[PDB]
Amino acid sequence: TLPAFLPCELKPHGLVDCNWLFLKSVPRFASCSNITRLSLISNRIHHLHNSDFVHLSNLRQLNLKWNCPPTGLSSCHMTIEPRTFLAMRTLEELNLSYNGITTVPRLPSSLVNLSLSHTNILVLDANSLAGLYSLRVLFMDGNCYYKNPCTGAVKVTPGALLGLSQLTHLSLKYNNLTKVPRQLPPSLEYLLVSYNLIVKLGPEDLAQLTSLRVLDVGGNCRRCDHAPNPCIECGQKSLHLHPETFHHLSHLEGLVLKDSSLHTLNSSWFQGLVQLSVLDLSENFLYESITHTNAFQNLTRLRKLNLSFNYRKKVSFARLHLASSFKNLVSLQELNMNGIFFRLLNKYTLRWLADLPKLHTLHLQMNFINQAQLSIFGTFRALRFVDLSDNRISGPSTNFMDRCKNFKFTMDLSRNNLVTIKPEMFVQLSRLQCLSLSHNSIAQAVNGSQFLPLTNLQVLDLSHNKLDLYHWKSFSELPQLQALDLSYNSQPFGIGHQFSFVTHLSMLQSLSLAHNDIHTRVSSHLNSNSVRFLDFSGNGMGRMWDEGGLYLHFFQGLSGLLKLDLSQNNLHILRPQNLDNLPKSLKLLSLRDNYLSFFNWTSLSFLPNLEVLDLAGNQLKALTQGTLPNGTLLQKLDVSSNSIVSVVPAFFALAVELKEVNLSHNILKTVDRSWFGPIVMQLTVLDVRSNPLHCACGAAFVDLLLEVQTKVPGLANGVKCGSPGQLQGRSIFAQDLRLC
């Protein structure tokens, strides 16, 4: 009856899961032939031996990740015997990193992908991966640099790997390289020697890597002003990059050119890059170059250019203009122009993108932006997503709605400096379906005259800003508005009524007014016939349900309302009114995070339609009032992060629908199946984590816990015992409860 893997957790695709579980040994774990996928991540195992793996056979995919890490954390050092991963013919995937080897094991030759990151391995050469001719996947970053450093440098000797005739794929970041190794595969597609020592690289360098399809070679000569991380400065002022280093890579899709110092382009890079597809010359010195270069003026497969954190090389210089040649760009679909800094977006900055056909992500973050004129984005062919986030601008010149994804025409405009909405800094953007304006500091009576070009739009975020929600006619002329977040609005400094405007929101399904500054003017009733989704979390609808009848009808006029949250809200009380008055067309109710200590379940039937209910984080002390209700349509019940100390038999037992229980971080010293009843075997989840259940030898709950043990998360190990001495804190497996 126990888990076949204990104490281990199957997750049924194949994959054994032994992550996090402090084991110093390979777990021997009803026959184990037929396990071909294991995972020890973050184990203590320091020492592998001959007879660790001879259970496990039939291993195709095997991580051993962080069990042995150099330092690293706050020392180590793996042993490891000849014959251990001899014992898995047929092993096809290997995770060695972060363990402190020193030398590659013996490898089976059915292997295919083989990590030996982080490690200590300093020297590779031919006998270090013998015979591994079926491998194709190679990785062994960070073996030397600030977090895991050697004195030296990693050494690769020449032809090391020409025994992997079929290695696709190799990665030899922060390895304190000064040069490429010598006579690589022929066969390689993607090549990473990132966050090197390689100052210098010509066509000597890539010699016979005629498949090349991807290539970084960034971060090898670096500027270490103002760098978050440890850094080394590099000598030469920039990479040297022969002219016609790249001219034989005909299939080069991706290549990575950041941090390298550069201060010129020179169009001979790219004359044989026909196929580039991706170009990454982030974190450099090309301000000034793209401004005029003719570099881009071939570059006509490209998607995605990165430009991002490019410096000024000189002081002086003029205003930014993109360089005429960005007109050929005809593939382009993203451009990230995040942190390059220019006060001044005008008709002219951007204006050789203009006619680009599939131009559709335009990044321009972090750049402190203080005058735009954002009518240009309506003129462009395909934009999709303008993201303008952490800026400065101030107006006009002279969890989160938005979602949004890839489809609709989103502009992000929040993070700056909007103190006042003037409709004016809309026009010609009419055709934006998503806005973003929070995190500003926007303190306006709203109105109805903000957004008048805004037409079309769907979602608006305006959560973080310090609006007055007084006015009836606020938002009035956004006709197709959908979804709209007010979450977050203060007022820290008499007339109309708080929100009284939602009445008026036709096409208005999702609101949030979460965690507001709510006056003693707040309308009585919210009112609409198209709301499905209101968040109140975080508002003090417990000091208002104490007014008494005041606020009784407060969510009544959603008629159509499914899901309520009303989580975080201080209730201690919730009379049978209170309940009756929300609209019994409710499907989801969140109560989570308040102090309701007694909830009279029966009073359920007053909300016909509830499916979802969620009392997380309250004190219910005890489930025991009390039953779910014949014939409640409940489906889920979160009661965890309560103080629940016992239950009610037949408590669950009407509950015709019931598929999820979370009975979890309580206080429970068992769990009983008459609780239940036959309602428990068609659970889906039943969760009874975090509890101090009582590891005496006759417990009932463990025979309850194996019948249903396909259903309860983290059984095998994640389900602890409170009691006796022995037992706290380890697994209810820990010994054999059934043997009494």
Contents of the next structure:
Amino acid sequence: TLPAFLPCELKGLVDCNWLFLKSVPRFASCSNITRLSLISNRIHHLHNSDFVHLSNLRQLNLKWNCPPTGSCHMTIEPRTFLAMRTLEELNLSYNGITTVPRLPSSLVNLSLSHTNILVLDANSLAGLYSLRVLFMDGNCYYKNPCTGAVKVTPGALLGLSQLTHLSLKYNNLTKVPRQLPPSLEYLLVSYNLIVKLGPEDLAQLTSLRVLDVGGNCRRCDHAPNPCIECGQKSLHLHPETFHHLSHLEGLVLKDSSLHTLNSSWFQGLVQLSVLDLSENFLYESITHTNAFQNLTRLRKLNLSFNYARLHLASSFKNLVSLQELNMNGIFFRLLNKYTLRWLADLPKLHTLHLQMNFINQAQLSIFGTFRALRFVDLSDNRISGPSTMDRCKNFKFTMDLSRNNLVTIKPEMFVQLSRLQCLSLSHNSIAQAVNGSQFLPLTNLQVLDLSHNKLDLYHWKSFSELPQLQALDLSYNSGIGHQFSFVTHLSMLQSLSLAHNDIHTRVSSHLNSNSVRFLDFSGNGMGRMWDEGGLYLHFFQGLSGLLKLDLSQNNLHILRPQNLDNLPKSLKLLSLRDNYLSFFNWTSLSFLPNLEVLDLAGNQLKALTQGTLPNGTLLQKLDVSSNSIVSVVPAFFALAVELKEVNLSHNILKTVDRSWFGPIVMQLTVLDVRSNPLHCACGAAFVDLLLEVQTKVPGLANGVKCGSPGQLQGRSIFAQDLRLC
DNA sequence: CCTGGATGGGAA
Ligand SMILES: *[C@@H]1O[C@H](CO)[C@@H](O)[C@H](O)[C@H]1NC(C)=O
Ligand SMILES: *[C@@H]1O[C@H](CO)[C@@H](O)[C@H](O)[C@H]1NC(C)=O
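Alternate state requested, the form deposited with the DNA bound (shown: the form deposited without the DNA):
All chains and molecules follow, beginning with the one already shown.
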């Protein structure tokens, strides 16, 4: 009956991740397994016979078994990996090895990143003529230090005639390795000390599609972590360095202390799709340069964090393939009609990153003049007015104005933004009585995020100027009218959040709508509200058609049948997560006929005794995890015909009995029983139940632990065989 | 290259 691969899990992948193993597991027949993952175990020594039973392995991951500081040194016998003559992928990263082990020629992908291998010679990689991918980053840098530098000897990799990918980051390299295999398409040599580049360093690299030479001359101003400042003032780039790269699609020159651009650099890069110029000193350069003149196939340009009014250069009008532009951390306080003028006629520019720029003045109307803008991020600036649920992803004209300095919303600020479909105003300081006058131009707005503000919500004309509004986020919002009276007057509103709100005395005793389908009302005081007797007894009843209701964290200690009966009869989902429900009659679920999903986790249902799941509930999933459930009455789940998922994890069950379920147990798609102090006597009967539904219980192989006996406590229900008595 | 703003992943 047992799973064949104790103490690991069978997914042709055998998963043995995070099992504290100090040796390679031996386990039926192991002849059919092809993938083995042993990530973050404790294997510090490998041996000639350790993989002999796994001769058919294609993929082997040994990452994080013997990590150097922060020490650990891994020893590897000469023949360990040779047993696997068809090994294709191997990850040896985060292991304390000093030389590369002998490897079979079948190998295609190899990772030696974050090890202690300080020299690569022709003998290091002997016979790897089918190698396509080689990564070795992080062998000589501040988090994995070394004296001197990694050494890659001239022509060492020439035997790798099929090599397409090579990464040698964080290795204190002073020069590009010489005579690299001409087959290269990807070369990452960033974050070394290569302070000078010429065409010679890239000699015969004519199949390159991406080159990353960034971080080799680093300004270390306001560096959070240890950083080697460049001896030079700038990366020294020979003007002809890149010309022969005719298939170059990606180039990254980030953090190179570049003070000017030279159009020579890109002159022959006729398929440059992605250019990264971030973290340099190109503030003035992007304002005046001509370098962009012919960058005609460029789709992505990153100018972020490049340290009189900012105005992009005229050459930017040539970037007619440009889809995405990053201008974060440039720090310009003004956004006018000349700032981004040369972008406006670009036929495919859909994404504009403009955050962390301390913008305190913005004519946002400019974004209505663009050809295909779909997302402009203006978050984390200092905008305070007009000048003088967000997903929304990819498909909607979206603007992010979060974390700005808006205290008051004036409708003139939105002139010519009338195509906006999604908008965020969250984490501002808007203290305003919203009255239906604030968002007039926003005729097409569907999604509005106003969370983390100080809105006054008494006025029933609130948001009535937003006739397409479908989703309104008012979460974490802090004597006339009534709170939330506006909800009934928004005919399109399908999704609403009033979570973690300041719910005052004059709050409307009713929420009404014909359209709201999801209401998040978590983190409020529904416990205190429903304690007020009849006053809030029908609070949610007016939400006709409501499908989803979140009442998490509302300090609920009881749920009377009247309160359930007076929720909208359309409910399919109800969450009472993280309340204080101590007792609850399950037959009262009859008052929610269409209920499919019920979440009662984080409460204190000490047991599942009081009543049963009633005929003929349509309940599909029941989450009752993190309750101190010590007992379940037989046939409890028996009547829930449609039951498919049940989570009993983190309860105080000593067993899990078949009698709780009946025939339903075999249509269950999940049955989670983890983190129960199971009592693992030699007689224990739950073991035979769990094995029957093994395919449908998560983490059975080793995640289902014993709470007793004392020697078996904290250990798997297979740490000893329990079926021996 | 992706990711963030620092770094680690990655895998024809
Ligand atoms: C762009 O290419 C043309 C020739 O095709 C050349 O005359 C012009 O100088 C180039 N622009 C720059 C700045 O490289
Ligand atoms: C079951 O509940 C626990 C509670 O923390 C959660 O961690 C786990 O992801 C849930 N499992 C399933 C199958 O959803």
